[PDB]
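**Student:** Each chain, letter by letter, is given below.
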Amino acid sequence: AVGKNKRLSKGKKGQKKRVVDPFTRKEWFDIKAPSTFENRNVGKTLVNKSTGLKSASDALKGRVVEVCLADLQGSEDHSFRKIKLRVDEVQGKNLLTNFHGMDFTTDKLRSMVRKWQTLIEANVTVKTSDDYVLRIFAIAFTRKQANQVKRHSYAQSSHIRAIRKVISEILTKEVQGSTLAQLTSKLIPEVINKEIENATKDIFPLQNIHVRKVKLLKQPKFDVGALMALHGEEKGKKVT
Amino acid sequence: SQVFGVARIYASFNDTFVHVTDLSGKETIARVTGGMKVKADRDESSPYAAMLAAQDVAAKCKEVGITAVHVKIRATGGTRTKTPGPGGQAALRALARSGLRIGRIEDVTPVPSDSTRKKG
Amino acid sequence: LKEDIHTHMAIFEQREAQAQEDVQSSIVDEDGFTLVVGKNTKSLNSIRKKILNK
Amino acid sequence: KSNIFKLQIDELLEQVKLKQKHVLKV
Amino acid sequence: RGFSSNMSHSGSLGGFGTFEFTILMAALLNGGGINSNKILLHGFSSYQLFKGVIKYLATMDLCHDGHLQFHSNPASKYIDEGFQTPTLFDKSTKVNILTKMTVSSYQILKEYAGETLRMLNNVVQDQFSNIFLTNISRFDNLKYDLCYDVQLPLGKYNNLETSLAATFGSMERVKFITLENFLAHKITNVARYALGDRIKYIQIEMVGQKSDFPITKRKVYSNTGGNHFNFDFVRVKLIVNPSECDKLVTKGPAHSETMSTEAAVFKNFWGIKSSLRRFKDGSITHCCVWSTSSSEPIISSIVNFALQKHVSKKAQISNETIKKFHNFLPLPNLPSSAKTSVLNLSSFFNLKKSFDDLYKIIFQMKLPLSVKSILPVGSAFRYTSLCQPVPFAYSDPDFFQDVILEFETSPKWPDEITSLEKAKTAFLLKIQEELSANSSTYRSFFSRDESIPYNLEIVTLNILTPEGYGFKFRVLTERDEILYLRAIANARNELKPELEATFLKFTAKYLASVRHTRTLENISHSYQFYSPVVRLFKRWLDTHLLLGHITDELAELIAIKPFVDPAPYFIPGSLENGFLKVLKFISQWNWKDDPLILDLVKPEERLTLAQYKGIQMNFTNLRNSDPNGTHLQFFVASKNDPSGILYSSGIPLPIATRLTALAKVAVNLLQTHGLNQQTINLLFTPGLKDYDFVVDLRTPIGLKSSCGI
RNA sequence: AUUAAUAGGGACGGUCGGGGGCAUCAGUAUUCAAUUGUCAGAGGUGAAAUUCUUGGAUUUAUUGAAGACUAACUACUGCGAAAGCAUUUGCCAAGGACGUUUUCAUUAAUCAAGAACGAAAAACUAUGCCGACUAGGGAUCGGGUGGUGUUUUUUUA
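Chains as they are written, first to last, in our numbering: chain A, 1 to 240; chain B, 1 to 120; chain C, 1 to 54; chain D, 1 to 26; chain E, 1 to 709.
Bear in mind the hints are in silico, worked out from the structure with no lab data behind them. Where is the CB? At the ideal position from N, CA and C, for every residue including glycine. Among the clues, some could well be false.
Straight-line distance between alpha carbons at most 20 Å, and here's what the computed EDC-like set of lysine to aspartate or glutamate pairs gives [unchecked claim]:
| id | chain 1 | residue 1 | chain 2 | residue 2 |
| --- | --- | --- | --- | --- |
| 1 | E | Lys639 | E | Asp565 |
| 2 | A | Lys127 | E | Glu604 |
| 3 | E | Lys280 | A | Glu233 |
| 4 | A | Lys6 | B | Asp41 |
| 5 | C | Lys2 | E | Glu433 |
Computed from the model, here is a short list of chain A residues facing chain B with C-beta under 7 Å [to be verified]:
| id | residue |
| --- | --- |
| 6 | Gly43 |
| 7 | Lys44 |
| 8 | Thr45 |
| 9 | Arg63 |
| 10 | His78 |
Which chain B residues stay away from chain A? Per the calculated CB distances, all over 12 Å, these [claimed, not checked]:
| id | residue |
| --- | --- |
| 11 | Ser12 |
| 12 | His19 |
| 13 | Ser45 |
| 14 | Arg80 |
| 15 | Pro86 |
| 16 | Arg93 |
| 17 | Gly99 |
| 18 | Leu100 |
| 19 | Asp114 |
| 20 | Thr116 |
| 21 | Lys118 |
With these hints in hand, go ahead and build the complete structure from the sequences.
**Tutor:** Written as structure tokens, this is what we have:
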């Protein structure tokens, strides 16, 4: 209801005098990423009150941010991946985030899906050594050889079920043998999917293999010493 | 040097929500609707309304201090249509001509894995 | 160190080429037998060892 | 816990148990 | 637990005897529910009754939160209002049962009761001996963490009037009948306020108090230590919070516009140490800042200042034990090192940072095989190198930390052991060539790895980073494990035990080490004091000349044992307490008949009963193999290694009996003499006797300078 | 005291399938709710209205529940007696084909009656000579045999 023909509703009866100036009252906090990444610095975020030091801290503990792995990791191909970073400590105009999840992007999924070949999907729920509970989803499409003449390359479901069980074994042994930084550093340069390919080449040669998605489900009791250790307390300055 | 804010642009066939947001995705900075920027009501999804809306919320963003934009553009999704709207195209172009440096572009539409529509 | 490594690899691959060559060059016993041999085995010694174990 | 606990407390009470001759002396 | 009906308010542990226990358990028989419910019954077992009573008295606060009431002549009921003091109330006699009960002492028994029920609700292990078969109450510095000697040359009444800053008038005398009770109460309150967050529990000791007096005198007459009162001096005993020990700021109330009442209290109490700081994040608070130092802790500094300020100007504060221990820790050659605390890991983090830089420059090099992983496994990487990592310090025997380089999988490896190793060296050569050609600030050379028996081709690449650090690189495949098992197969029975021992050594160096590193680091960040404790323990072993035949990992696990198994004691938060708990555990340990089961777990994934029984079966089997333990002394095992012989193998029974003897000597010395500089120095002295020969060697150069200490 | 039908059963063997049963596990959306932002409109349409909104709708964010369905891969197809069947891992039985120098020896083919199984707003421009019937031809799915090199890996699966 902007214009002069547009009738009144219950609508514009009791309004509010906008006077508060929210973008006067607000305040800017810088965030920062863990040490497993190259370009640690990213992002400034707002807090809906300044006048709560502890209230502001409550907002910034609540947050979840997410960012493109390219600019997080130097390589300026927007490498079709997302890192969700969760903020769980505050210290002095610096938020000390932590890893929260991961996803591909829907345009990359369309970029791999093809017609005359089947996809294989495994989705294993695991536990790290730090008692996080993960759900990892891994995708792989079958391929035709460097030799074929048949026009399509479908996998017989024995081969599919043996591949799905193999992917399950490699994922769960690797992530149970990780800790969460050790995982993250494994996940960054794509070494899991070479392990998958090299262990599944004896079945039915797959081409296009990925760790699609990672979902966090459980966290332990929070660990200040661990987190500040993962990033890597201070004198004031004597107002008189 | 640069500061990023994310710009969520719903672009239906009936309206167009330009919605700038801080990077975390919670604190909205300003959002402007083509419906509220047109005096009429059959125009309330048109590219003209979108150009006005985008220009105004660009003004508010430069006021706060935002300088560059990651744009996330959305259709209706769901069981209905899955293409952005006239407002989506026009809004993106208008922001870039307003002068914020467009950061990066993504199409985040809610696609059902499994649609809530019974067979028969 | 470079020289030791290079001559060692050359020698070892000479031996291993001989090993696969013998084990898959159609070994036939004296009175008409034939030794079955799988694909990708390489060591007639290893076949001897499997025999000895099981 | 119960069974071994009863055995252990039985041993303990037997070790610390007092002498009736001393009791009647006092 | 050292509890009887003795008068706790007089500055010693107690105020709770068996009479009090009987009264309260009778009250729980009477009732005690929040709906005035009967809790126990007349036909229970002792086990049931004891568990129920412990549950109630641990869960129910009786001082600050609520009180318990009943009628001795009827139903007991808990009322959720606290009287700021332990209050069990008979409404037929108006008696608090626990008037002799200091609230601090109540808190301490609350913690003990929680530990008691935790041990009881454990269903796996034998908790009876921890529950009842050890007196914790003997050693002060083992039971508590930081006790300080407090000298008060008081004198007579007028000397008290001019020296005691506290007023002693009629109201003090009527709410605290004796001067000593008043003094203890005041000292308790002032220490509690001046420390607050940094501690967990406090206790006061009137050293020199007695209860016996003849019929010849009106009262007890004393002249002990300047004063003429029923003590020699004061000892304060602290159970300290670990992660709050080194807080360089001590926050007070918030700076309001006017002067708030609590800020007035803080500023009157602190005064010269009170201040206003402006922080980083837009805050304005009152604080009393400190300084940190290696040899003495901030608790020591603050306790001296506060007690001197608010008690007397003649009082003296000491703990030569803790100051001596902190000096026995080595000091780095880093700037401002004495000011750097003992809970600051900056040298280790600098090491790790230069590793991360190297991780970049290797992991993205061009290679035959794509790099699967790079794993630091080093002692420094789990924070257990004795000397801290100093840049350009190549006198350290553990300077070159170890890092695995695992490649991908590929079946084109040779299936021969020597050729396998030579191909691995070829990989390292290619890496070294590329690294030299691209990364000129680094330096590199190669070395022969001779830690493994009967395996001579192993070459490791030592790389030197211009942050002044050194990493040695070894390679790992899957053909290593397959070949070693093949060798044990094609061994003959004369040689099979030797190949088994060699396989164990390979396992220790190449497969278990990564799990070892992961687990201990992830737990040390929770148990902050474990790293200094294990460095101190390493210093102790190197003084006692046993590090030559004791590896790192045995020492590490037996060091973490008291931390992960505090019960019946507590988690150590002070270096003296942890060190002496480890030595006490060694002395009590009977490895001829004791297994060792380690659950490297964050505080309260743990071991299942099946795993515990399986390792216990293995323990029984090795004891059946050799009850003498001649070929196997220690059985130390965990989830990362249930075999246990992996770390505990390869030691002489003379070495084990030497270590057990030194433990027993240390415990006897502590049982006999007492804690002072002479006994500490005597522990750190070696024996240098009892041998067959002693040969004394002097190197051409004193390596302290290049060692950087 | 017959032969063992490119007649029929039956056994065995390795498989094959989106056939069935109970159980399990997962997926985004949608609906409901809690919590968080920001500010006046949203929805829908030839155009609108009914409808929901300064106890903040739409919108954004973190989560929770709830019922359904099983996208893209999805056809030149697969299995089922027909109606029909689509994410995982089990379990319970059943089945076709192929292999076979196994076993029984005409145990058979088509069927009026009769019995089992058979969601059910529907349907609405399609349509092909058939037959007991001769050769083929290209791709396709399932099994089997030979030849052959590449992909593969080598005493433990």
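**Student:** Hint by hint, say whether it matches the structure.
**Tutor:** Cross-check of the supplied hints:
Only pairs whose Cα atoms come within 20 Å are accepted, and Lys639 of chain E paired with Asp565 of chain E is accepted, the gap being roughly 15 Å. Distance check on the hinted pair: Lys127 of chain A and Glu604 of chain E sit about 18 Å apart at the alpha-carbon level, within 20 Å; holds. Taking the CA atoms of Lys280 of chain E and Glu233 of chain A, the gap is near 11 Å; set against the 20 Å cutoff, the hint holds. Proposed proximity of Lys6 of chain A and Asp41 of chain B is supported: the alpha carbons are some 9 Å apart, at most 20 Å.
The straight-line distance between the Cα atoms of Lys2 of chain C and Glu433 of chain E is roughly 12 Å, inside the 20 Å bound, and the hint therefore holds. For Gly43 of chain A, the shortest C-beta to C-beta distance to chain B is roughly 5 Å, which falls under 7 Å, so the interface hint holds. Hint status for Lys44 of chain A: holds, given a least beta-carbon distance of 6 Å to chain B, under 7 Å. Residue-level restraint check for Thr45 of chain A holds (minimum Cβ-Cβ distance to chain B is 5 Å; threshold 7 Å).
Annotation: interface hint on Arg63 of chain A holds; nearest CB of chain B at approximately 5 Å, less than 7 Å. Satisfaction of the interface hint for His78 of chain A is found here, the shortest Cβ-Cβ separation to chain B being roughly 6 Å, below the 7 Å cut-off. Here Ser12 of chain B stays apart from chain A, with its beta-carbon at least about 18 Å from theirs, past the 12 Å limit. At roughly 15 Å from the closest C-beta of chain A, the C-beta of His19 of chain B stays outside 12 Å, upholding its exclusion from the interface.
No Cβ of chain A approaches the Cβ of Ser45 of chain B within 12 Å, the least distance being about 14 Å, so the stated non-interface status holds. Listed as a non-interface residue, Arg80 of chain B keeps its Cβ farther than 12 Å from every Cβ of chain A; the least gap is roughly 17 Å. Residue-level check passed: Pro86 of chain B sits 19 Å from the nearest beta carbon of chain A, beyond 12 Å. Distance check on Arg93 of chain B: its Cβ is at least 20 Å (rounded) from any Cβ of chain A, clearing the 12 Å threshold; non-interface status holds.
No beta-carbon of chain A comes within 12 Å of the beta-carbon of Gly99 of chain B; the shortest separation is about 20 Å. Listed as outside the interface, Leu100 of chain B is consistent with that label: its C-beta sits roughly 16 Å from the nearest C-beta of chain A, beyond the 12 Å cut-off. Look at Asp114 of chain B: its CB is around 14 Å from the nearest CB on chain A, clear of 12 Å, so calling it non-interface holds up. Under the 12 Å C-beta cut-off, the non-interface status given to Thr116 of chain B relative to chain A holds; the minimum distance is some 20 Å.
Against chain A, the non-interface label of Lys118 of chain B holds: every CB pair exceeds 12 Å, the least being about 25 Å.
Every hint from the earlier list agrees with this structure, and none is contradicted.
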